[PDB]
Amino acid sequence: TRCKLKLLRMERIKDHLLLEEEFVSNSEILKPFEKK
Amino acid sequence: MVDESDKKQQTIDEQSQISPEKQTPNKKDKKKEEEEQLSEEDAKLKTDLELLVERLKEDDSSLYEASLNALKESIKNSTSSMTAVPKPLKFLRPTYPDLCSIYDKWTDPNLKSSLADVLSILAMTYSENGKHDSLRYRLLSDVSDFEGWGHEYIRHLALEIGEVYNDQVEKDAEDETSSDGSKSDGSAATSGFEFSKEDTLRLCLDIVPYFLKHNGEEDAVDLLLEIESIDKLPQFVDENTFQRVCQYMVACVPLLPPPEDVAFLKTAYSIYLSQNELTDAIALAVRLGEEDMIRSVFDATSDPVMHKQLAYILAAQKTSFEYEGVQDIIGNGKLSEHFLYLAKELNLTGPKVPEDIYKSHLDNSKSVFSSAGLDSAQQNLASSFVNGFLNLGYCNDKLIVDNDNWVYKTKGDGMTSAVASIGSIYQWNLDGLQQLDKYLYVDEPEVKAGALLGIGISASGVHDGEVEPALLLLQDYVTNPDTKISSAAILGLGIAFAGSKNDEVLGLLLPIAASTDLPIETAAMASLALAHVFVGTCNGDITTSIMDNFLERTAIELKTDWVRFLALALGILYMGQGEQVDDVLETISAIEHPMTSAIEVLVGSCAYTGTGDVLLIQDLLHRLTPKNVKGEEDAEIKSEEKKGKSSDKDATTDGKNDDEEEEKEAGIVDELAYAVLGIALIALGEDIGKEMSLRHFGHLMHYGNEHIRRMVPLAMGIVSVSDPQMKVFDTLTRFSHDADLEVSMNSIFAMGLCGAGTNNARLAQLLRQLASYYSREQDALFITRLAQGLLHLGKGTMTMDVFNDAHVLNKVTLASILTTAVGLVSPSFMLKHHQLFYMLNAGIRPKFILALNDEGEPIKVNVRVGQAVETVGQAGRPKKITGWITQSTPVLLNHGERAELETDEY
Amino acid sequence: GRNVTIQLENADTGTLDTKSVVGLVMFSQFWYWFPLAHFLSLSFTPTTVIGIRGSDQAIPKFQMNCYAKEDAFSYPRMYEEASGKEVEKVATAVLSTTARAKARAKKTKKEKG
Numbered sequence: 053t054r055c056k057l058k059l060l061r062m063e064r065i066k067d068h069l070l071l072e073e074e075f076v077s078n079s080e081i082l083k084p085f086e087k088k
Numbered sequence: 001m002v003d004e005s006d007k008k009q010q011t012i013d014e015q016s017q018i019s020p021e022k023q024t025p026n027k028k029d030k031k032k033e034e035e036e037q038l039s040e041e042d043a044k045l046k047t048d049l050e051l052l053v054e055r056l057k058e059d060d061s062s063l064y065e066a067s068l069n070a071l072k073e074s075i076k077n078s079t080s081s082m083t084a085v086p087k088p089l090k091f092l093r094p095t096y097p098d099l100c101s102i103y104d105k106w107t108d109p110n111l112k113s114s115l116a117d118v119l120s121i122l123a124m125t126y127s128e129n130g131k132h133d134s135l136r137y138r139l140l141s142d143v144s145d146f147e148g149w150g151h152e153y154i155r156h157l158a159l160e161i162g163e164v165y166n167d168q169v170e171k172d173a174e175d176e177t178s179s180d181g182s183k184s185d186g187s188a189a190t191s192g193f194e195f196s197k198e199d200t201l202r203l204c205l206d207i208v209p210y211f212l213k214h215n216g217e218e219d220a221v222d223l224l225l226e227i228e229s230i231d232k233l234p235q236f237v238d239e240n241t242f243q244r245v246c247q248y249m250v251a252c253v254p255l256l257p258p259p260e261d262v263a264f265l266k267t268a269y270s271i272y273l274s275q276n277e278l279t280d281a282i283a284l285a286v287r288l289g290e291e292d293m294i295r296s297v298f299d300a301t302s303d304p305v306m307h308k309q310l311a312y313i314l315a316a317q318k319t320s321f322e323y324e325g326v327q328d329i330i331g332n333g334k335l336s337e338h339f340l341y342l343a344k345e346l347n348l349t350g351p352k353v354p355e356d357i358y359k360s361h362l363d364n365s366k367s368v369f370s371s372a373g374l375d376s377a378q379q380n381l382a383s384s385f386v387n388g389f390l391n392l393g394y395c396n397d398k399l400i401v402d403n404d405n406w407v408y409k410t411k412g413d414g415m416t417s418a419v420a421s422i423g424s425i426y427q428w429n430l431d432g433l434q435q436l437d438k439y440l441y442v443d444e445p446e447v448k449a450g451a452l453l454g455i456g457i458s459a460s461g462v463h464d465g466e467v468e469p470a471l472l473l474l475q476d477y478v479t480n481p482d483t484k485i486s487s488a489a490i491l492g493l494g495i496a497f498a499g500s501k502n503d504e505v506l507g508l509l510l511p512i513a514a515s516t517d518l519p520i521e522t523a524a525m526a527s528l529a530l531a532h533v534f535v536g537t538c539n540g541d542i543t544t545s546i547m548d549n550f551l552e553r554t555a556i557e558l559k560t561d562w563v564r565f566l567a568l569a570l571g572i573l574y575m576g577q578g579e580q581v582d583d584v585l586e587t588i589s590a591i592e593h594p595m596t597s598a599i600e601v602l603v604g605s606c607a608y609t610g611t612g613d614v615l616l617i618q619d620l621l622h623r624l625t626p627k628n629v630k631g632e633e634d635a700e701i702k703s704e705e706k707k708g709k710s711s712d713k714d715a716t717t718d719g720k721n722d723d724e725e726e727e728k729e730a731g732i733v734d735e736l737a738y739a740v741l742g743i744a745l746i747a748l749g750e751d752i753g754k755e756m757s758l759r760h761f762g763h764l765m766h767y768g769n770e771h772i773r774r775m776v777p778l779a780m781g782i783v784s785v786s787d788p789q790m791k792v793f794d795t796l797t798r799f800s801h802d803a804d805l806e807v808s809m810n811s812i813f814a815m816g817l818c819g820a821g822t823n824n825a826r827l828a829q830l831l832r833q834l835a836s837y838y839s840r841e842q843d844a845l846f847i848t849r850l851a852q853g854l855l856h857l858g859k860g861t862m863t864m865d866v867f868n869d870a871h872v873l874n875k876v877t878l879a880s881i882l883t884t885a886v887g888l889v890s891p892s893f894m895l896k897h898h899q900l901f902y903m904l905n906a907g908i909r910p911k912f913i914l915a916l917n918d919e920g921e922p923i924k925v926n927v928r929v930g931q932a933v934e935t936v937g938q939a940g941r942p943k944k945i946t947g948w949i950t951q952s953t954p955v956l957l958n959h960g961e962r963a964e965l966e967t968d969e970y
Numbered sequence: 710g711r712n713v714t715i716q717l718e719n720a721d722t723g724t725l726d727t728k729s730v731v732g733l734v735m736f737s738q739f740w741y742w743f744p745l746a747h748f749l750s751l752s753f754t755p756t757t758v759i760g761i762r763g764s765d766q767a768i769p770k771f772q773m774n775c776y777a778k779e780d781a782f783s784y785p786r787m788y789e790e791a792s793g794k795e796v797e798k799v800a801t802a803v804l805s806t807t808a809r810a811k812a813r814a815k816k817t818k819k820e821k822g
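Chains as they are written, first to last, in the authors' numbering: chain I, 53 to 88; chain Z, 1 to 635, 700 to 970; chain N, 710 to 822.
Bear in mind the hints are in silico, worked out from the structure with no lab data behind them.
Heads up, some of the hints might be wrong.
[Unchecked claim] Counterexamples of contact, computed for chain I against chain N with all Cβ distances above 10 angstroms:
| id | residue |
| --- | --- |
| 1 | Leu-60 |
| 2 | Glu-63 |
| 3 | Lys-87 |
[As the list claims (entries may be wrong)] Per label pair, the in silico range of CB-to-CB distance:
| id | chain 1 | residue 1 | chain 2 | residue 2 | range |
| --- | --- | --- | --- | --- | --- |
| 4 | I | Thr-53 | Z | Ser-179 | 17 to 27 angstroms |
| 5 | Z | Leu-111 | N | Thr-817 | 24 to 34 angstroms |
| 6 | Z | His-338 | I | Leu-70 | 51 to 61 angstroms |
| 7 | N | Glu-820 | Z | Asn-129 | 32 to 42 angstroms |
| 8 | Z | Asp-60 | N | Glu-820 | 35 to 45 angstroms |
| 9 | Z | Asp-60 | I | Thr-53 | 36 to 46 angstroms |
| 10 | Z | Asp-787 | I | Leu-57 | 31 to 41 angstroms |
| 11 | Z | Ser-179 | N | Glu-795 | 47 to 57 angstroms |
| 12 | Z | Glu-34 | I | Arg-64 | 49 to 59 angstroms |
| 13 | Z | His-338 | N | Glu-820 | 46 to 56 angstroms |
| 14 | Z | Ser-80 | N | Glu-820 | 33 to 43 angstroms |
| 15 | I | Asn-78 | Z | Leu-111 | 42 to 52 angstroms |
| 16 | I | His-68 | Z | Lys-8 | 53 to 63 angstroms |
[Unchecked claim] Pairs of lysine to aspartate or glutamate residues, derived as EDC-like cross-links and limited to a Cα-Cα distance of at most 16 angstroms, are as follows:
| id | chain 1 | residue 1 | chain 2 | residue 2 |
| --- | --- | --- | --- | --- |
| 17 | I | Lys-83 | Z | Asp-787 |
| 18 | I | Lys-87 | Z | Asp-751 |
| 19 | N | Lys-821 | Z | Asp-172 |
| 20 | N | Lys-821 | Z | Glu-170 |
| 21 | N | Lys-798 | Z | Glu-632 |
| 22 | Z | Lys-559 | Z | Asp-517 |
| 23 | Z | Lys-559 | Z | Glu-705 |
| 24 | I | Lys-56 | Z | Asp-206 |
| 25 | Z | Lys-334 | Z | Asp-299 |
| 26 | N | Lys-818 | Z | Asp-167 |
| 27 | Z | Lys-754 | Z | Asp-787 |
| 28 | I | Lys-88 | Z | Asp-751 |
| 29 | Z | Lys-131 | Z | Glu-194 |
| 30 | I | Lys-83 | Z | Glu-750 |
| 31 | N | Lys-815 | Z | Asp-613 |
Idealized CB from N, CA, C, for every residue including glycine.
Input sequences plus hints: build the corresponding full structure.
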């Protein structure tokens with residue numbers, strides 16, 4: 053019950069954080085196109 | 001129906017099949033039509049109240065839908081009634097449950113939002129008279145037992161949760177937040193919370209922490225405090241309520257900001273002290289680190305029984321386990337004043353008894369002279385060192401050591417690391433001093449430095465026995481001005497007395513060698529030596545170290561490595577609280593350099609600890625910025705750039721760890737889950753992030769003390785055979801080490817065979833072989849875990865050698881330091897009062913991976929073992945007391961605690 | 710250089726400017742032979758009031774009052790063109806990604822703590 057609630061709070065800030073990070077990280081401007 | 005002839009009490013009966021609807025025109029039309037009829041409605045008020053009880057006897061949606069048709073509209077100011085100020089006020093009481101019914105029990109979303117406001121006023125206004133208290137009370141206490149009350153009482157309190165949440169959501173708070181539109185604190189609402197809480201500690205286990213956390217304040221736990229202290233024995237037994245407290249506090253506490261995060265712990269500590277069980281309470285005393293608090297609990301344990309019995313033994317052992325040793329010194333003097341025995345108590349508070357129990361254990365695990373390592377080149381150096389690592393803890397390897405051949409056969413700086421590692425054979429024990437002393441007098445400057453470092457490593461088994469002090473040996477070599485000799489020696493002092501505060505330690509270290517006068521890297525070790533002392537207890541955040549960091553950093557910044565040593569040291573010193581680390585964060589930030597900002601991030605990681613709200617987000621805005629600078633370009701000066709980039713990567717993992725240790729166990733799985741996805745993201749993002757991140761990832765796994773120890777470590781290791789960096793093997797393997805011959809059985813075969821095979825540089829070979837051999841422990845010889853004692857997520861004191869040196873480039877000078885790995889793990893023995901070694905029986909559950917244990921309540925299934933056993937990280941940890949055969953009660957009640965057992969055997 | 714306008718006819722006498730018309734017919738045809746395109750040149754006529762001081766044939770510097778709205782007859786700008794656009798666009802692309810990768814997390818926790 054309660055044990056389950058404690059976990060919800062963490063799972064919803066992990067997803068959010070990741071999603072935002074991801075834009076940059078994947079690229080969107082990084083655009084490797086160097087010689088290799 | 002709504003008719004103005006259904007007002008009568010004649011039609012109670014005829015109606016009541018369908019649903020009572022006598023009430024409907026009785027509080028609607030009569031109120032409007034005449035105000036003589038409000039007084040008439042008062043005489044009818046008694047009938048109307050009993051109808052509510054009848055409609056809660058049979059709980060069905062039909063008889064709530066059907067009853068109300070306009071009881072919902074009419075409340076007080078609907079009908080423009082306010083006449084005789086008393087009458088409509090008493091008429092709030094019947095219409096209040098009415099609304100609650102149509103909000104939820106017949107499911108309807110719109111009514112939840114809209115009437116959330118209406119309802120909260122009605123409760124606030126009438127609770128001031130204290131006659132809403134009385135309406136609530138008759139369903140709370142269930143004198144008449146039915147289904148109705150069980151959902152009605154939930155509603156009343158659902159609304160209160162609404163009222164305190166208004167503080168959290170907006171600064172406007174109070175009335176001005178109209179989700180309720182009723183203040184969080186008044187002279188009518190407060191008297192409602194308390195009354196509800198007393199009754200509902202009995203009826204529910206989970207509505208009470210709901211109110212606590214959404215309030216997001218210590219105002220919620222003050223009202224609870226007084227309530228719990230009333231409810232503690234009479235309503236339900238001391239042990240059962242004690243369970244309720246430990247649940248409640250851990251749910252509310254991770255959320256809250258740093259000044260109040262601590263406040264919830266002071267309230268919990270004080271509850272625990274009051275209740276008979278102080279086993280939990282001693283734990284809380286470690287966390288705050290206030291000297292005052294350890295004195296209070298410790299005395300509370302000793303004062304009830306004026307003879308040694310269970311009482312003095314219990315007090316002593318609880319302090320012992322924390323091998324910070326800060327507690328031990330505090331506890332001795334109370335015990336020594338009584339003088340039942342002076343010596344046995346001092347020994348048992350002190351770490352002397354922890355040395356002795358291990359001696360018994362070794363015999364079983366079997367004393368080995370076993371060595372691993374190969375001849376020739378840079379492996380000739382290795383093999384020597386490796387004998388040390390393999391003979392973890394106290395072990396007989398006396399005869400191998402007795403040969404001077406092997407020692408003098410080492411070359412270079414490797415000679416230094418050889419003598420230090422002989423200390424690691426004799427780790428956690430005085431005995432084996434004699435071999436080291438020999439080196440200290442004879443040949444090379446190199447082996448003199450080595451002798452001193454190793455004497456450090458060995459003497460760790462004391463800090464409050466005060467039997468062969470570290471200070472006796474170690475003073476003299478500070479005085480010898482040769483930089484190498486002095487450095488080994490003043491670091492040594494730091495390790496041996498560890499966390500313990502003693503006059504001797506302060507006065508040795510009062511002179512520091514950290515200055516611009518020796519540019520030498522090895523002078524930095526004074527401030528690092530200080531860091532041991534402070535940790536494990538509330539920091540002074542000593543200003544001496546700040547002054548010398550700055551001086552040396554500005555003056556020489558050509559050597560990045562010098563100044564990195566200084567920076568991480570201040571960082572380590574800071575562990576244990578964040579509050580005063582905020583204050584000095586300003587001091588450093590005043591002066592600014594590209595160099596300063598390496599410091600900003602590191603000390604910040606300690607500082608902002610006390611919430612994940614700020615901490616987690618912040619160290620990810622920082623991770624983002626490097627990617628952005630590079631992506632733009634796509635579409700002395702060198703020393704500055706390098707430091708910035710490397711520290712940022714390091715600080716990112718470190719912050720995650722600080723968060724997980726302090727906060728609940730749900731956060732460990734969760735951070736780890738961010739972490740793994742995160743690798744792909746940083747590999748994509750940059751070449752430089754790819755290399756560096758590996759090195760810290762094995763340190764994330766270990767410092768975080770991850771639940772899961774199966775699929776993830778093995779994934780990472782396989783992947784980095786190919787990838788650059790072999791320092792990732794070192795960091796990772798110390799996680800793999802904590803459950804011996806399990807994760808590491810794999811490690812040895814895979815890495816140790818392939819490393820030898822594909823060899824194309826001996827330096828790499830050295831790194832791979834050293835990790836792979838270390839990770840294994842011959843037939844489960846002593847393990848080194850992060851756990852300090854009762855803390856298993858405890859702030860490390862002698863295991864932060866990994867934090868220091870994973871960060872900086874690998875070196876031959878590093879190999880010496882890395883022999884330190886002190887923090888051994890006690891067996892679990894049932895003891896009473898005669899200290900009879902080994903356990904009778906205890907439960908361990910070795911199947912743990914669950915992220916839904918967060919209370920701290922053991923998985924009580926176990927599988928029963930009769931052999932004494934070391935406590936295995938997250939694979940052995942849950943601990944139940946089993947000794948019911950001779951009929952016993954826990955005096956020390958386990959919570960998965962590392963602690964040895966104590967029982968009262970009848 | 711934003712100084713010419715194409716005249717259809719002479720507006721003062723209400724009669725065809727001959728040179729311009731012949732320009733335009735020849736301009737239209739260019740599918741067949743692209744350098745027919747150049748005849749558009751002849752239709753350009755410049756537009757300016759030019760005072761001549763006496764019969765000396767020198768231009769006086771003097772000024773005239775003009776009752777008009779300034780904004781209307783502001784001298785047309787230097788354009789951004791494609792070159793200027795790339796620089797400015799790529800600058801915006803950088804910022805835009807970075808923004809949202811930090812803003813979303815920051816705003817939620819800004820207030821609550």
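Hints versus structure:
No Cβ of chain N approaches the Cβ of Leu-60 (chain I) within 10 angstroms, the least distance being about 16 angstroms, so the stated non-interface status holds. Distance check on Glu-63 (chain I): its Cβ is at least 15 angstroms (rounded) from any Cβ of chain N, clearing the 10 angstroms threshold; non-interface status holds. With a closest Cβ-Cβ approach of about 21 angstroms to chain N, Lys-87 (chain I) is found to remain outside the 10 angstroms limit, as its non-interface label requires. As the Cβ distance of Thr-53 (chain I) to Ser-179 (chain Z) is approximately 25 angstroms, the hint placing it in 17 to 27 angstroms holds.
In this structure the supplied range 24 to 34 angstroms holds for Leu-111 (chain Z) paired with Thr-817 (chain N), their Cβ-Cβ distance being about 29 angstroms. The hinted window of 51 to 61 angstroms between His-338 (chain Z) and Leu-70 (chain I) holds, with their beta carbons roughly 58 angstroms apart. About 36 angstroms separates the C-beta atoms of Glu-820 (chain N) and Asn-129 (chain Z), a value consistent with the hinted range of 32 to 42 angstroms. The hinted range of 35 to 45 angstroms is satisfied by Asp-60 (chain Z) and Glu-820 (chain N), whose Cβ atoms lie roughly 43 angstroms apart.
In this structure the hint that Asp-60 (chain Z) and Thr-53 (chain I) lie 36 to 46 angstroms apart at CB is violated, the actual value being about 26 angstroms. The hinted window of 31 to 41 angstroms between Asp-787 (chain Z) and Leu-57 (chain I) holds, with their beta carbons roughly 40 angstroms apart. Between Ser-179 (chain Z) and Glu-795 (chain N) the beta carbon distance is about 50 angstroms. The supplied range of 47 to 57 angstroms therefore holds. Between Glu-34 (chain Z) and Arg-64 (chain I) the CB atoms are about 55 angstroms apart, so this pair conforms to the stated range of 49 to 59 angstroms.
A C-beta distance of roughly 55 angstroms is found between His-338 (chain Z) and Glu-820 (chain N), which places it inside the suggested range of 46 to 56 angstroms. Taken as a hint, the range 33 to 43 angstroms holds for the pair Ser-80 (chain Z) and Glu-820 (chain N), whose Cβ atoms sit roughly 40 angstroms apart. Against the hinted window of 42 to 52 angstroms, the Cβ-Cβ separation of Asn-78 (chain I) and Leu-111 (chain Z) comes to about 45 angstroms, which satisfies the hint. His-68 (chain I) and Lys-8 (chain Z) have their C-beta atoms about 60 angstroms apart, which keeps the hinted 53 to 63 angstroms range intact.
Note on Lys-83 (chain I) and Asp-787 (chain Z): the hinted pairing is violated, with a Cα-Cα distance of about 23 angstroms set against a maximum of 16 angstroms. Restraint check for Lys-87 (chain I) and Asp-751 (chain Z): the C-alpha separation of about 14 angstroms stays at or below 16 angstroms, so the hint holds. For the hint linking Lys-821 (chain N) to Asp-172 (chain Z), the alpha-carbon distance of about 12 angstroms falls within 16 angstroms, and the restraint holds. The hinted pair formed by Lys-821 (chain N) and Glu-170 (chain Z) meets the criterion: a straight-line CA distance of about 8 angstroms does not exceed 16 angstroms.
With a CA separation close to 12 angstroms, the supplied pair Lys-798 (chain N) and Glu-632 (chain Z) stays within the 16 angstroms bound. Only pairs whose Cα atoms come within 16 angstroms are accepted, and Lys-559 (chain Z) paired with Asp-517 (chain Z) is accepted, the gap being roughly 15 angstroms. This hinted pair checks out: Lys-559 (chain Z) and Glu-705 (chain Z) have alpha carbons roughly 13 angstroms apart, not beyond 16 angstroms. With a C-alpha separation of about 12 angstroms, the suggested pair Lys-56 (chain I) and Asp-206 (chain Z) falls inside the 16 angstroms cut-off, and the hint holds.
The hinted pair formed by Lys-334 (chain Z) and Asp-299 (chain Z) meets the criterion: a straight-line CA distance of about 7 angstroms does not exceed 16 angstroms. Simply put, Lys-818 (chain N) and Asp-167 (chain Z) have alpha-carbon atoms about 15 angstroms apart, close enough for the 16 angstroms limit, and the pair holds. About 9 angstroms separates the Cα atoms of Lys-754 (chain Z) and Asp-787 (chain Z), which keeps this hinted pair within 16 angstroms; it holds. With a C-alpha separation of about 13 angstroms, the suggested pair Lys-88 (chain I) and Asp-751 (chain Z) falls inside the 16 angstroms cut-off, and the hint holds.
With a C-alpha separation of about 15 angstroms, the suggested pair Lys-131 (chain Z) and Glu-194 (chain Z) falls inside the 16 angstroms cut-off, and the hint holds. With a C-alpha separation of about 11 angstroms, the suggested pairing of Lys-83 (chain I) with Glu-750 (chain Z) holds against the 16 angstroms cut-off. For the given pair, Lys-815 (chain N) sits about 10 angstroms from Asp-613 (chain Z) by alpha-carbon distance, which is consistent with the 16 angstroms threshold.
Consistency with the previously given hints fails for numbers 9 and 17, ordered from lowest to highest.
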